[PDB]
Structures are given as structure tokens and as C-alpha cells.
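Shown here: the complex without one of its protein chains, the others still in place.
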Amino acid sequence: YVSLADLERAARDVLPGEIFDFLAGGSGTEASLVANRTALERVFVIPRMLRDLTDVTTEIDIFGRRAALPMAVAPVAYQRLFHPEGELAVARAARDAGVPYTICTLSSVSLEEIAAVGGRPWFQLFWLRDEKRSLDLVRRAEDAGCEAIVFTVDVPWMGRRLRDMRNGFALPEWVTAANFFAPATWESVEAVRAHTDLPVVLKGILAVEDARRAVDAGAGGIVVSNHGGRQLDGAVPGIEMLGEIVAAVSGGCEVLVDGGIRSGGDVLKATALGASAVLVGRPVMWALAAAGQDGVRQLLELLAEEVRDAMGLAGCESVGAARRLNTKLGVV
Amino acid sequence: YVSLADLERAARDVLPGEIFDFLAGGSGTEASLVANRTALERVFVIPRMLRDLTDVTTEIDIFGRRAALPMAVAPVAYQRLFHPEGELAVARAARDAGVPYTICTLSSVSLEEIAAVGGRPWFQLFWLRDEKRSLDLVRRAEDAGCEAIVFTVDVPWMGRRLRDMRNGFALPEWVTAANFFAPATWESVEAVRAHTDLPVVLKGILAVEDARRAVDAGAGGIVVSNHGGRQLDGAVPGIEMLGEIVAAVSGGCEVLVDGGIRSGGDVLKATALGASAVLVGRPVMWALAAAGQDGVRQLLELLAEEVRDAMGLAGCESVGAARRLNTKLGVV
Amino acid sequence: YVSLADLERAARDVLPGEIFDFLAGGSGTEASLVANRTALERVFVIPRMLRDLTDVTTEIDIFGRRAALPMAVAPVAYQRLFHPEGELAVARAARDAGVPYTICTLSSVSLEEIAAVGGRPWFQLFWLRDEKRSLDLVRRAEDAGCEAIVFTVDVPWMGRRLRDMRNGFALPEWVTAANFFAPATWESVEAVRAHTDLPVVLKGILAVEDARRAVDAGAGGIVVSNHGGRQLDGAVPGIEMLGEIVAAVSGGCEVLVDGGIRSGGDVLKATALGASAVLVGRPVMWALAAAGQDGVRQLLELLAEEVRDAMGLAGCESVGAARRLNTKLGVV
Partner (left out) sequence: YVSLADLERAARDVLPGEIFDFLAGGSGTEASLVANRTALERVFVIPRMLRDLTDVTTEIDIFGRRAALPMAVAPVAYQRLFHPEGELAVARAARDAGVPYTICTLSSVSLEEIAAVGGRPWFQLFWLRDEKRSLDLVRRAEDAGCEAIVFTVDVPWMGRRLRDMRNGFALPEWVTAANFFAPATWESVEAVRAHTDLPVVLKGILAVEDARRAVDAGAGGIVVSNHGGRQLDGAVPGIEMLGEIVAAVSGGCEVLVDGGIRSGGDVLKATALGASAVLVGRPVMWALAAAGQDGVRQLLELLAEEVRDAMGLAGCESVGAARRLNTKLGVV
């Protein structure tokens, strides 16, 4: 595999069509899904030349851990849909690559099993039925050694996925929510923040005022994100709001971005627009579907090579230098 | 049906080609027809998160009536072209859905029959031959219980519909103007305003100065509209003028928009740009053609679900909140 | 025929391919030829409503003559390439329609014969070999009753037409320059201006400073024009420079535009951007090829209908009102 696109072809071969569609699809007309890619393709980097590259490093420090790349595996529910080893295959490859893995509330293997793989994981939270029950999931995650709570804040309910409706898609009986919902509010965020000393990361922020309020609320990070085009159809891509958000929070929390990251060059673009790190969702699942744990290992090795290549060609010996690169919008 | 586009396919199947073309077509090269869709597709919404959604409501108050959605059925002439029950099927479904229905001057069932369906309808006026005759239509509508006069102001004469010319299209002998024209001016508006206490809504405004003059003229609303691309070919889409118009009228009248609204997400975009409500034309006729009254019921149920979904995913418990959303223009 | 595009199809049927290419083609990669259309398609008009349309007139006064439309037939060399009656067929139809016809220096019928058709024609000048010889052509035109000299200023030599090179195109032996070249300069303009009291119109101006200098030089008009994409490939379309030029000349001369005008709506766009009138080139030749004089008559009747339709739908009772319309750039 020499690009992330090789793995999508491989995953489309192997998966049942309705599972490929569950993975690939967005809500509505998929305008926001498409716009995530169009928005990244319009961004051009202005590289710097002739800088010292003797010790290029792609490492970052985030939420009190060193990560090998400015990247984490996005939360993706029900990974046994894609491969029998599901979350354990992905988490093992992420650990070995030095990349944080986000354990999902809707994981198809229990969060304690996935956390036992090691690799200092994160835990993604959907607000439940109940404050008390939500907080038990948080405490479970913390007790199991998760290092951050990624609170998803853009899913008061799930978006309308027309592919899934047209397919009549439902979980196979062999895929269950192994850890076993009400709309979250800022009060829910405060309840979580009071319940844990782990950093709380709010995933699904797009409005500048919501990024500022996240800082004021004591979030340790946000993920600027339209949920891969799966929630509001017509929501702006995160990458289009990232620069304005980074300026507004003025270093008050980590600012991650996701949606359409498909190469180390895209990682570089996100960094140059100010992101602390990116999440990568669908490509990780393509690699899982294509070749299990080894597939995800090859994907993360390929991304690491592409990030290092892009950084050095742009004159950046560190991710901090990459955040100081300038960009130019072009027409595609 | 899971999208408005499913119904267009169904209507294209059933209608004679020349009737489908009468419905689908625009004037000239159909530049303005296409631009209505392109303009909406360029608009992205910036959703808000973590707001209270305990009692999301899509209702609005407009022209002294509560409506179930920020939407009305646009005036579309000669609806017996599309289904034998014509206007009565549409008006019955609109009533049952709580959505205003606009009775046309060129309806193929008399306005008194359609008004007897109930549902507090509106009446669309074309200026006639004569001030005295125009005012009789207005008084008829008011006597029959119509609640607003939608005065069409963009049709001094009808635009040049090349599909209809190429088809040699004419009304079947079984379709007639059951209520039975000179260019309207601001004097005509004043004559109507003096003749009725119903709110007068000027449909087909695109220039900012004309929206201000409509307020000064005592209009209770305007519809920002290029008539579905059927009048001047090369007229700007209403959605491109809406924000400037809303700012100029500064709450002095209701500001509706139409042209290309094809989902609850599009309704949300129009609201976020400042519209009080939208009109929907061709999709209602697709549903009528596809399945009569039941077809229109299913369309309005689908739109209601999509509007509620879009509002809540954008953090809006009310249409007023949706009007306070910000938008971003993207490239598509 | 219900659009200018119907006539292009008809002309492509009848003409030899290499003659169709001589007519249709541009220089280089035809970037400027294509851009003339793209530039017009991006322009949207903001129509006004509810104005008095009791006496809509498309007439203008230009160069001391009333014209029926804000339009003239562009200079197109060698019209016997397209039909045996050549220039005489076109000039007769233009006369009957009340539209100025531009007699070409390279006409395939002598300028005195074409002028004898009547209709108060204009004469297009290419600068010759010699000041004395150029001025004799001017005097010939004036003696024959031409009413303006259209001095082409964008052809120091002819552009590189790759279609013609690939075809090995040359004039049939039955087509000759019946009136029988050095680069023109501002000194040439002054020599012409001193030799005639007819208005001198400089055709092929694109730079704002050249439009101002044309006024200072005593031009009575300019044509803002990239010569139909046939001269510099990569020259900006005239329609993209028109508004800036109209503002710069501040009424000091007539400002015409050409390039890609293909409907009455396009005429309206050019007027709304400030043009006094347009020229139309290739469509006139399509109609000539398709059906001789009668073909050109039908084209001019169709354009007249489309101009009147567009003006009235935009609320303009006169071309002056149309010049006061505002426009909005859109994306197509």
C-alpha cells in the first residue's frame, strides 16, 4: 500500500456492501461528507526551505503523553463489523505505533478489554439515559487507565443516514454494544468535568463561540469536526473553521480537527492551520477490513512516513514549526 | 420515500413528458433554475452544540396563524395537470400537516372549493385586465376565508419557457382556469392593500430597494424569489439576496424565500440566512403526481422530520434560534 | 428557432468543417474564447419589480442614429464563406431590423455595394500598408454613407488560430477581399480622426487606461472586446473589464462590448454592467449559413423578442433603465 486510497479499494472488495456503506456514508445528501475533502483540497501549504532537518521529529505531547505523530485513531463504533478482532486489532496496532486509540462507548469489545491492550488509550463518551450512568462509564474508563474523555457533543441523536435506510442496515446479531441516550448539554460537560481529573475533550465543535465556551468550561481540548459528514448535512467542515477557532482559543486548550484526513500532507495542512493533532476515522477501518491488525499497522507506518516526508519537505523539524507554516487557499 | 429526490423519480415515471417539462423547466437557458440549487449548495451552516433540546418545536406564527413548520406550499398553477384531484389533494394534505397552502389565481379547481377544504389557506393574485376585476378576486378570496394575499409581482407577463415551446405544450382540454392580465405596479399594490385587511405578501422581490419599498407600501411580507427560474433567465437566486434583504427590512415585514428548497437542511439554511419561512413548489407537485393526497402527506411528513432533525443537530430548539445561526459560504 | 443555439446546430450541419472552424475557433488554446461565455454566465441581474411597462422600448440613439435594439452586427470578414449572398444578405436583414451593420475592410462584397443596401451602416477599418491608403478607405466609406468608423485596434497582426493551421485553411478561390497591413498606433487614430467628421470607435480596448486615452484621443466610442478570443489567447474577456471601463470614461464616449452575447438576457447583462450596446458576431453568421437573409431576419427577430422580454421582466421600460440595474456575481 503506497497511499490511503489503496486501502479503500481493498476494503470495498472484502466488506459486504451494506457494511461498506455504513462506514463510507454520511447524512442527507452527503454534502458535508464531500465538503470535508473539497475543503482540504483547496488548502495549499507555503513550505519553508533550507532549515536544519538533522533531527526531524513527528512527536507531540498531548494530554500528558508523548504521541509518535500528531494523530489519534478517531472513535468509530462497532469495529467488529469490519474484522473479527475488531477494536482489539486496531488498539494493538495503535499501541505499537505510538498513536492514541479512542475506545468508543459503542465498542463491540468491552472498554476494559481494549484498555488492557495497553498504549494509553482515550475513551469516547456518549451521554446516556442518566447523569449517574454516564458518570459510571466515565469512571469505568478512568479505572481501566484511559487518559482522556472524548465527550461527543454533536450527537443529540444520530443523523439520518440514507444509505443505511435504503439498505435496511442493522447490526449483525454477532455485533453488540459490549459496554452495556439523552442529548448532552453544557451541564452534562460540567458533570463530567467534576467527576474526573482526566482531560475532557469536546468532540464536534464548529462554532467559534462554542470553542471559547469549551475553554471556559474547563475542557482540555476540542475536536473541530462535523462528525465525518454523518450528523448535520450542510454543517461546515471542521477544517474551514479551524483557523478561526485556533485564534479564538488562544492556546487555552488543545485544538484537534478531523474529517477527510487521508495523507501525511493532509496532516501537515491541518497542522499549518493550527491543529494540535488530527483524528483519522474511515481509513483506519479500511485497513482493519483489508488486513486486520497488520493492515492497521501498515496504514500507520505509511502515515508516519508521509507525515515525516511532508514536514521535512516543508522545512519543519517539529510539529510546532509546522503550526507556524502559512497556507494559501487555491481553486481546484 | 427517504428524500425529496425519491419523489422526483416517481413523478418522472408517471407524468407525460411534456407535463413533466412544464413542471421542471425554467425560462431561457435555465441558468436561474440551476443557480437556485447551486446557491443553496454553497451555503454551509455553523451548528451550535450542547443546547437544551427538551422541547424542540418547528412551529412558527405567521400572518396571525400558527404553522407547523416554517414552510408553505408555493402557488403552482393548474395542479390537475399532475393528478386528477389536483389542488384539493394538495390542500387536504397541507391542512392535515398544519402547513399553509397557497391557492392560485390559475387554479384548476375554484378557490372557494379549495378554501372549503379548511386549513386556513392563502390566495395568490395575478393582476388582471382591470383594477375592479382584480379586487373582486381579492374579495372572493377573503370572503372564502383566505388569510393572506400573495401578490405575484414578478410576472408582468410569463417568461419564455423553451421546453414548452419545443413541446408545443398547451393545457389539456380537461384542465381549465376554474376561477374564471395586465402588468402590476406599485399603484396596484396600493389598490389591493386598500381593498383588504388581510396581509399582502409581495412574491418575487429580489432588489433590496424593492424590499424596503414593499415595507413602506404596507406589505406584511415578501417572498424573495426568482420564480423558480421561470421568469427572467439570469435573475439572481433569492437565496443570494436574502441576507441583504433581511437586514434592510429590519423586521418591518415577514421575509420568505423560495427556489430549490429540497430538504429540511435547506429549510435550515434559509432560516439561518434570516428567512421567516420558505415556500416549496416543484417537490409538492412531484408528490402529488406520484401518489395524490397520500403522496403530499408523505412529503410533508418527511420534510417535518428533516426540519426537526436539522434544527436539533444545529442546536436550535425553535425557528427563532435557527435564524440566529451563522453560515459560511463554501466551494462545491 | 427559439434560441441562438438552434442556429449554431443548423450552421454546423451545412458548412464545410473547415469553414465552421474558421468561424467558431479562437487563438491558442481558446482560453479567451471559452472565458467570454464563462464570464457572462457568472453575471446575475437583480431585476426591479412593479415599474410602469406601458411603453417598453428597446431603442437607443447612438452615433446620431436611432437603432431598434442596443445591438449592432459585429464586423466579420469574408461572409461569402458562409452563404453565397454573403454581406448583402446580412446587411439587408440588419437594415430591415433597424440594427446597424458593420461593413468590414475584408468584406467579400465591396463596401459601396453593401452600403447601397441602405440601413445606415458602419465601416470597420484595418490599418493598411500606408497612412494615405488607410485614409482612402475611410473616405470611401464616408462617401458611400457609412455613419461611423470602427477602427480595429487589437490586430497588429492576426492571432494564431490553431484550428485553421491544423485544417490548412485558406480562402476558396471564389472568396476575395472585394475592397482591394501595418500595426496601428495612437498616431494612426489621430490621422483617422482628422480625416473624417464621422465618429471613430476603437474596437478591441481592454485596459482602463486605454479607454481613457481613447476618450482623450477624441473617439466617439470604444468596443470593449478580446476579439472573440481570436487575438491574444489569455486576454481578459471584455465583459470582465466593462464596468471598470464605464466608470473610468464617465460618459465621455459610448462604451460597447462584445464576445459571447448569445441571447437577449446576455444583452441585458451587458447593459446592466454599463454598455451602451453590444456587438454580435458568430450567431449572425450561423443564421446566414443556416438560411441566408431570412435566417438573419429570424435571428434578429428572436433577439429583439428576447431583449424586450428580459427588459420588461427586469422592470426596465428603456435601455437607460437597464443600465441602472445592479448585478451580482455568482458561481456556476
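Per-chain numbering from 1; labels A, B and C assigned in written order.
We take it that contacts are C-beta pairs under 8 Å (C-beta built on N, C-alpha and C of every residue); 3 or more make two chains touch, one makes a residue touch a chain.
Peer 1: Taking the entire complex into account, which one of C:72, C:198 or C:206 touches the absent chain?
Peer 2: Going through C:72, C:198 or C:206 one by one, C:206 is the residue touching the chain not shown.
Peer 1: One chain is left out of this view; which of C:160, C:195 or C:308 touches it in the full complex?
Peer 2: Of the listed residues, the one touching the omitted chain is C:160.
Peer 1: Decide which residue listed in A:163, A:203 or A:269 touches the omitted chain of the complex.
Peer 2: A:269
Peer 1: Out of A:84, A:168 or A:330, which touches the unshown chain?
Peer 2: Looking across A:84, A:168 or A:330, the contact with the absent chain belongs to A:330.
Peer 1: Since one chain has been left out of the picture, which residues of chain C touch it in the full complex?
Peer 2: 28-29, 31-32, 34-35, 38-39, 42, 153-154, 156-157, 159-160, 162, 165-166, 183-186, 188-189, 202, 204-207, 209-210, 231-237, 240-241, 331
Peer 1: Which positions on chain A touch the chain that was left off?
Peer 2: Residues of chain A in contact with the hidden chain: 2-3, 41, 43-53, 263, 265-266, 268-269, 305-306, 309-310, 312-314, 326, 328, 330-332.
Rule of thumb we're sticking to: only the chains that are shown with their structure count from here on.
Peer 1: When the C-alpha atoms of chain B and chain C are each averaged to a single point, how far apart are the two points in Å?
Peer 2: 41
Peer 1: What whole-number Å value describes the gap between the mean CA coordinates of chain A and chain C?
Peer 2: 58
Peer 1: Where in chain C do residues touch two or more other chains at once?
Peer 2: none
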